[PDB]
Amino acid sequence: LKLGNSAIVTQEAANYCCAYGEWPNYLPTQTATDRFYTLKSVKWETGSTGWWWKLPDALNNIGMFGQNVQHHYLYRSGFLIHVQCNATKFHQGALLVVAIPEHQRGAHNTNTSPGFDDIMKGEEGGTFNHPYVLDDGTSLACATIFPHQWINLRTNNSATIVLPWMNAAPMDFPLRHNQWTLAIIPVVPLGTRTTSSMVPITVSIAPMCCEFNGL
Amino acid sequence: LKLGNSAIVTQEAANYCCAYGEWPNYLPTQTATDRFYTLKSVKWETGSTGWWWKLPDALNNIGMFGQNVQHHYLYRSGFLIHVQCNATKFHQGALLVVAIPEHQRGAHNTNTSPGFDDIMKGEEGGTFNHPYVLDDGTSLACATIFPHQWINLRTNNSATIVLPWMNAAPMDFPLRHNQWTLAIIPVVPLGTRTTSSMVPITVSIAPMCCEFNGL
Amino acid sequence: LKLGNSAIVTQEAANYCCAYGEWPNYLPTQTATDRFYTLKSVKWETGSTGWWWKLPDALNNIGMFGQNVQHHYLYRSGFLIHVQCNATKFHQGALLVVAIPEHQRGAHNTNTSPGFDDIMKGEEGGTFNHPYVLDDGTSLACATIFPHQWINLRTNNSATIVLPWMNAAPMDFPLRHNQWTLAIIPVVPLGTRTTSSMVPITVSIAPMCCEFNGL
Amino acid sequence: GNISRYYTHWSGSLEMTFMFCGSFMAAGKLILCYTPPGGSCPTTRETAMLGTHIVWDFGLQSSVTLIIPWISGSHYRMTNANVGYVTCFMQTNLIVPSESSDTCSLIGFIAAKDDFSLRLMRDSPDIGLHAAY
Amino acid sequence: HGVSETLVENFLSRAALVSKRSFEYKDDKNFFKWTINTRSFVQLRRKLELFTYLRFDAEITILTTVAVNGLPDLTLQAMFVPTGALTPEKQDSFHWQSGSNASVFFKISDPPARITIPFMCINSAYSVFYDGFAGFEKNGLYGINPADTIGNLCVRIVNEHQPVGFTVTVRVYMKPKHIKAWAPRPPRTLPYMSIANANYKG
Amino acid sequence: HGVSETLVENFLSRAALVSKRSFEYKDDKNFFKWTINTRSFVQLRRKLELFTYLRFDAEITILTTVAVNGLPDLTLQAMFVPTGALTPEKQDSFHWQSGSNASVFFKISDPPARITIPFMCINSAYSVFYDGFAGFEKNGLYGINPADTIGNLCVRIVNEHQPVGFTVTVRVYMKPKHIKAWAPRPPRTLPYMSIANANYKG
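These protein sequences, in sequence, are chains C, C', C'', B, A and A'. A prime marks a further copy of an entry chain.
With the deposited numbering as the guide, the letters of the first sequence map in order to residues 16 to 43, 54 to 55, 58 to 242.
With the deposited numbering as the guide, the letters of the second sequence map in order to residues 16 to 43, 54 to 55, 58 to 242.
With the deposited numbering as the guide, the letters of the third sequence map in order to residues 16 to 43, 54 to 55, 58 to 242.
With the deposited numbering as the guide, the letters of the fourth sequence map in order to residues 100 to 177, 185 to 234, 239 to 241, 245 to 246.
With the deposited numbering as the guide, the letters of the fifth sequence map in order to residues 52 to 78, 87 to 128, 137 to 269.
With the deposited numbering as the guide, the letters of the sixth sequence map in order to residues 52 to 78, 87 to 128, 137 to 269.
Pulled out of the complex, with its shape left as it was, chain C reads as follows:
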């Protein structure tokens, strides 16, 4: 976990997940963007429903990626996501760190589509309203059909998912279309005898193999 001038000096570098068995390769203009972008940490509590970040919308205003997004016009990148959730041995809970291709959200109890402000949240990302249906009418129970990892705080504290290019098109618009949604849903809620248990979760997104067009 050392990309660019960024580095994550963690410890328990457990197994990662190639999404759909695919590594990000270049398409046969290309150190600047290939670096970890550590987002702001979220506070996992006993009443947390979940967190999501859309890619590359979570990176379209950050650093050498967000400069190239707003200067170019086509992009093509994979992503290395490292989610790490640091807690003690007296915490408990399971997270489903799932990466969803083409997570078209739906709104709740209305026939109007979600707006631009409801979808494009940026570095803050969002929060699941109904995490049981994944906020799109499906199910959280079957969401392990997607590239996913588990963070059982009993067992492991980190999760790495390596995402390739998921598109029907060879390149794409970064400010229009999001291709991956990193979702972190607490399946088993957090617990230690203090009620105000507040375990932090840290998300680091390294865009691997960025290509661009149209400066």
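Hints in this document: simulated from the structure, not taken from any laboratory.
Quick reminder that beta carbons are idealized off the backbone N, C-alpha and C, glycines included.
One or more of the hints may lead you astray.
PhoX-like mimics (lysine-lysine), calculated; alpha carbons at most 25 angstroms apart, straight line [to be verified]:
no.: 1; chain 1: C''; residue 1: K116; chain 2: C'; residue 2: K116
no.: 2; chain 1: A'; residue 1: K92; chain 2: A; residue 2: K71
no.: 3; chain 1: A'; residue 1: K157; chain 2: A; residue 2: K71
no.: 4; chain 1: C'; residue 1: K148; chain 2: A; residue 2: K268
One side of the interface only, derived from the structure: several residues of chain A' facing chain A at Cβ under 10 angstroms [to be verified]:
no.: 5; residue: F161
no.: 6; residue: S176
no.: 7; residue: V231
Position chains C', C'', B, A and A' relative to chain C; hints supplied.
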């Protein structure tokens, strides 16, 4: 440029144009007609719209070609056209010397076809009324799809277009049907600080590979 | 003269000048900055005393060079300068396009040093007050000891000077210290019978072999 | 432009030739910049020289070809939107002698290159009778 | 690569409607006659006028619609009368039983009648444009080549007179095939003023 | 073994009803128009939304039912208007004789009209789900990919106006074929609220 007892002793013998990549060959009765017929020079001014000559109508009353046209009955010839526009280094303007196959003209703002007198003009040729539509409803802008040359007075003063036999038939009636229209349209008008700038344009038409039938 | 996404499609690509017989090489972080930066054209008239541009001060706010100057902290670059002065065959005059290493200017008729505003002029550059002493007490007559070219409008219209790295240090501060001064002094003034003769001079500066440190 | 409106999806590289049609001794410099799709058209000569441009002295070179890179055409629609821009700014003044006309002209050309392609054929919206039965 | 869709064989061979005419049925005298050209509809006219010379075989499809002013099952004859032969002027003329004219006898209930007309010119291609005069004197018509006339498509109802009266709409669909094309031309930018000529209004 | 029945080619290629609409017949202005999508019926919608990307050719079967308000034998036209072309707005518009739109002319008495629409996207697959916006600004619609629009299927009665008035029910059966499928998704557990989006009530 020396055919028959005629000769053009010009200087800047630049690149010529084989029309559609074809040289005039004989068809597998044939020095008399193969000579340059230098037409009367036209005066290019600031208000000129253009000039056209239909072939072989521009030659059907001139010399050993116009005798054989009015004595025979079928013809088959290519043409060597040399347009030369002599000016000083203080003149400006661009000509499109375009050779149009089967330039069926149209009349303007009427449903009646052009008459015999509107089409068969002879050695004098004609003048474009609406050169922007090429006097046939199309466009001057796309007229470089035809065999053409440019005369930018900044760059060159002459243009040579070598025309083969363009007909669906192997031979043809010269007094009935014209096959090529040499058109000279000033795209950029003429200019030098005198307002009465009057650059001459000289057209020389050598009928190459004339055959005849029916004396 | 084609560097980067820039190109100078001139014609009379005459002889260039390697300054002191040296070509810019890299020092044994490095397409983005290596491009021509065409400055605004100056108007050469009969009363012109001359123009100067300090390097890299003339480029410290322009493009991918001026971004890297204001983000990094050390630089090391050569320069390709192409001065072109387009006029007719009825103009006359000679320019001394001289590139001066370490042109420490002096002020006139005072003992106070030149200020920051008198030296760091930017893309506009400056104008010689006393071009005969080169605005530093020396002489214009002996200024051909520096890397120079002549533009006699009778003979040539352009001048190319290739500048290497001129410093006692291996790298340098771009916002503090200027290393080359491109100076264009009309030795023979401009002349054609109109008195308001206004020949343009175009300066294009391509920073060759840019290196940087300290992002 | 006309034969592409018989097809729905075009893709390929274009080329623009610009031809200067002033007098022989007319001198000057233009700056032909190319703006990629999605980027904004420049309004100043300084913004144009920061993009992909060419500094064309037409003092003796009266033709410049400008290769427009591979686009893919119908991939940029929400109605065709924006495919880019080719602008031109003055760099110098037009310098003519006193016997040449002080107004000179440019003409521009466009052809498609050999990687150009057209697919899904439709009808042309260009065309929309007097005088057989 | 992708070049096989802008082939001229693919650019031009589409079965476009070239003639739609209704005719009635009582005691063009109540039959269909159409001079086989291509200048009837301006969408097909402008595509073929991108070229100077064309050489194609035509593939005529005839689609008959009936509507009574309970639809009857009727036999139609569709006779191709080439240039040199004589067309009918009446529904019950003797030219409908020509031994040499290519007739086709079809029903309303059938699939549509399809025949292929060959390349019918005496020259090697049809002149789409003709910078010439048809007559040997000055009274000839400009833009008309006598070599390029295909012929006429004469369609009648074979059945004798019936008590009911109905309208027979005949849609003719021509697909050119084996297209060869020569010397491309600029597209027409102005509207057409007539089918006889290339006049233009502005 | 038995794995050849849960193949995605076998799982998805069934000729399901994708559109049933009646239209009347008097002096959608009395014709059929259907935007070729798959979200009309929730049984087929939920099967295709088990996937993220699909690449299929469609096989449209058109089944025409007539009932007069003694059944007549009528010609129908069924024209596929791809994305880029212009659809009819009237029964007697000029777009029904488009040379380039793929029309099919069929009768009531015939076997049902069957055509194959190819893979029509400008991308390599249809996005069943689109986490993006169609317009280049904030007013664009969410979940709509401009690349994925098949086109429209416009069906009319070719015949001119008749004395009797009847109802023409057009059943459209689409069998996807040559199905390739990518990245499977969880099945939808809640009912659909709209065809435009994935909203959910609970």
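- Is the straight-line distance between the alpha-carbon of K157/A' and that of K71/A 25 angstroms or less? holds (18 angstroms)
- Task: Mind checking the alpha carbons of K116/C'' and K116/C' for me, to see if they're no more than 25 angstroms apart?
- Result: Between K116/C'' and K116/C' the Cα gap is close to 12 angstroms, so the pair holds against 25 angstroms.
- Message: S176/A' was flagged as interface toward chain A. Is the shortest Cβ-Cβ separation under 10 angstroms?
- Response: holds (7 angstroms)
- Task: Take a quick look at whether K92/A' and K71/A sit within 25 angstroms of each other, Cα to Cα.
- Result: Roughly 24 angstroms between the alpha carbons, so the hint for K92/A' and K71/A holds.
- Does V231/A' pass the interface hint, meaning its C-beta sits closer than 10 angstroms to a C-beta of chain A? holds (8 angstroms)
- Message: Check whether the Cα positions of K148/C' and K268/A lie no farther apart than 25 angstroms.
- Response: holds (23 angstroms)
- Query: For the hint on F161/A', does the least C-beta distance to chain A fall short of 10 angstroms?
  - Reply: holds (9 angstroms)
In the structure shown, no violation is registered for any of the earlier numbered hints.
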